[PDB]
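The chain below stands alone, shown as structure tokens; this is the form deposited in one PDB entry.
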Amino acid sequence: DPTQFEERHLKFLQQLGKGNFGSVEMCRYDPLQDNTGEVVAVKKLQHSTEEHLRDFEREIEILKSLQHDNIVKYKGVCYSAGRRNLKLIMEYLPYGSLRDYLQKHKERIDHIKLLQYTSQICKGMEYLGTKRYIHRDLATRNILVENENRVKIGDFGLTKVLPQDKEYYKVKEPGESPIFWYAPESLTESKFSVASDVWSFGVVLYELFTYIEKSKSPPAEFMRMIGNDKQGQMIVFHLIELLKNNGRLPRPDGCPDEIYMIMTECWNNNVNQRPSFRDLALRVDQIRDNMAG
């Protein structure tokens, strides 16, 4: 079984990312011990808990079930014992997250290139939606760069499977949520759907066009519009109010009108009036072709 990875043969090379409930490492899986093994990505939990383990087992199954060019490849699992600790083994994408890649190569990345990535996220997302999976955490930090011409959705920590009788999923936290990417209904009602993923995709489109400018980030922009003198529970309250009164993220500098319109349509307060991923890709591909030859 290739899907079974022996723990003693997984050489730690570097920590890549940390989460509230886990981490991602760069390892070399070297069974022959001759230093010819491939470098892989290893996601692991930080809290031993049964409720976080169950969520993680569900996440492993969601990823195992995904086969697309714009989705990070599942490679296998790593067990240690009977009740174990469990590790998810994925392919290593060398250019890091889309957030870090863009932040460093802003001079090299055209608008056409940004739109090629956008279309790839849309295609990956539409594929998710056919399996009735809700991502719930669409952001540039969660998109990986395989190469200069290809991005993949690279983390599924918050992904949920829709119940068979509903088109939304209601879910809590319990700690810190990525609020500045959340749809109003996710803020008020805790409702997650394909439509709230579209809302968040809008924020991703925003991120990409700001070229990750710290002063222009979604938390920074929203906090200015709210008042940086705001508490904690009040931050969600005021954010709900601003969104409700058609308060939105500004058009990023240099961003064309056609693209900001895509963003604003993704940001419709009316769940049902938001575009579909298929149409999103269609408009994006159309714009890419108008900008090119």
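Shifts are known only where both forms have a C-alpha. We call the rigid core the largest set of C-alpha positions that still match within 1.5 Å between the two forms. Residue numbers count along the first chain shown, from 1. What changes on going to the form deposited in another entry:
Only one of 190, 116, 103, 85 has its Cα shifted by 2 Å or more between these two forms after fitting on the core, and that residue is 85. When the two forms are fitted on their rigid core, the residues between these two forms that move as runs of three or more, each C-alpha shifted by 2 Å or more, fall in 18-20, 80-85, 154-160, 174-177.
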The other form holds:
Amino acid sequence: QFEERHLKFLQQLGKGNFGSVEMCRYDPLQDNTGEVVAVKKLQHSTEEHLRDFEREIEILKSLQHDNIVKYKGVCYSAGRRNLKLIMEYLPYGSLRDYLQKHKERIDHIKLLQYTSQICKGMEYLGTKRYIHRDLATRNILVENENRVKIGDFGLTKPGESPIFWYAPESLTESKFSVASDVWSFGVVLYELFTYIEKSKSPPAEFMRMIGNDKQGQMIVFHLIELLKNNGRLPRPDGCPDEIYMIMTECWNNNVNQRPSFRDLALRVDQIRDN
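Write the structure block of the form deposited in another entry for the protein whose form deposited in one PDB entry appears above.
The next block holds one chain only.
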């Protein structure tokens, strides 16, 4: 389906210790045309990394939704001794980058449209019995001003720490569930309403709350103790009380009391419609 000889490099997109992503053009007709795609490569095809990459491909082959990144196929390069994953190319990259780079195009109505789409993608993911774990605007991608798609770059498998999106039971017991994805969704909703303004990010805000000078495990200790006793990210400037209430309800230490993604999509769509 994707012959390496016809997969032409266009641009580097992202790199980490685990993998890298590039933009390519798939030109089988060899006439300088063809579809543009995003291609993920494994940096080191060890038995464990390759098993993990194959599990990712299997997950992606099972997902088809408007608000989930679109799998296209695989390419077997280096004479069929290397594996690359082919996805649809999304021009605006991560929603974290888009919010910073394209503030001219964003208002609260757009933020709520993206919020709704994220909930719907998560409703779908739950029907497939997957737990995201990594929900954060860095892992949501933007097709255009009207459409976002949940993904998981998985390139890097305090400012760079994923802990600031994790539910308290995930931090203390490594318990990840649909309900902890709801907690992380509450952090995504906070990220959207802070517009990725300098110093308002979840890592910067939590570090400010615990003490900016803390390093290593002391950060973890303080974050856990803070969350267990009702410490929370503040309401972003200009955020409506009703939107901060959705964040607060997602950030419930009582796991079963968190709303569902179906509840959240309906609530957000009703606020948009009213």
